[PDB]
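Below is a slice of the complex: some chains, not all, each in place.
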Amino acid sequence: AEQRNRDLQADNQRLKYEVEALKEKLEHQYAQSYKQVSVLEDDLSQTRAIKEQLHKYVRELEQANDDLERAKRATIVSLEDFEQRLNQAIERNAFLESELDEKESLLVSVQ
Amino acid sequence: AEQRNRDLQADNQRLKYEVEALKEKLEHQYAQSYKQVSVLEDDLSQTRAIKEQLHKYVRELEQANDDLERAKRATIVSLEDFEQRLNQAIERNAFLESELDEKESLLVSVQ
């Protein structure tokens, strides 16, 4: 009965000190995890920001590809209208030349 | 005087032939130049037609050069508009990279 009291007293003090030690590991572990979660949350913010920028980046490359398309069509068509004009000049020149052939036929008959 | 008759009649006959043959040489000529005049008139009409055609040729060349300047502008402008969209994407890319380094800085501290 007294033996038992003694040893209950001894186990009581052991377990109180164990509880105190663990409450302290838990407080360290906590402070730790709050700090980690701080950066996780920062990482989430910054990540979603970067994902929206990448999405804008894809949209912008698409727009550049549309403008490239337009450039290609603008140069070809502009150069095509020019050609129809030069072809009209070349055609007039071929006529000038046939008329010179007829003048030549005229002059070469002379004596 | 009789010696003189057979002589002057003999010599007026020679002149009559000379006249006859000069009238034929003049007629060769009068006919050759009649044709040449005709060719000359025709040459004048054809040279006038050819200068009018040459005038139309210069108007076409002049328009063709106008249209080529047109095509220069349309090519340069449309490609400049592409470049402005391309530069915009490239700027977006530069900014992504800057955000990723901001994020790398955040995470290098993790341990």
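Going in written order, the chains are labelled A and B, and every chain counts its residues from 1.
Definition applied: a contact is a pair of C-beta atoms (placed from the backbone, for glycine too) under 8 Å apart; a residue touches a chain by one contact, two chains touch by 3 or more.
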Complete-assembly copy number [criterion: all chains share one sequence; 2 shown]: 4
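Convention: only the chains that are shown with their structure count from here on.
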Rounded Å distance, chain A centre to chain B centre (Cα mean): 55
Footprint of chain A on chain B - complex, ascending: 32, 36, 39, 42-43, 46-47, 49-50, 53-54, 56-57, 60-61, 63-64, 66-68, 70-71, 73-75, 77-79, 81-82, 85-86, 88-89, 92-93, 95-96, 99-100, 102-103, 106-107, 109-110
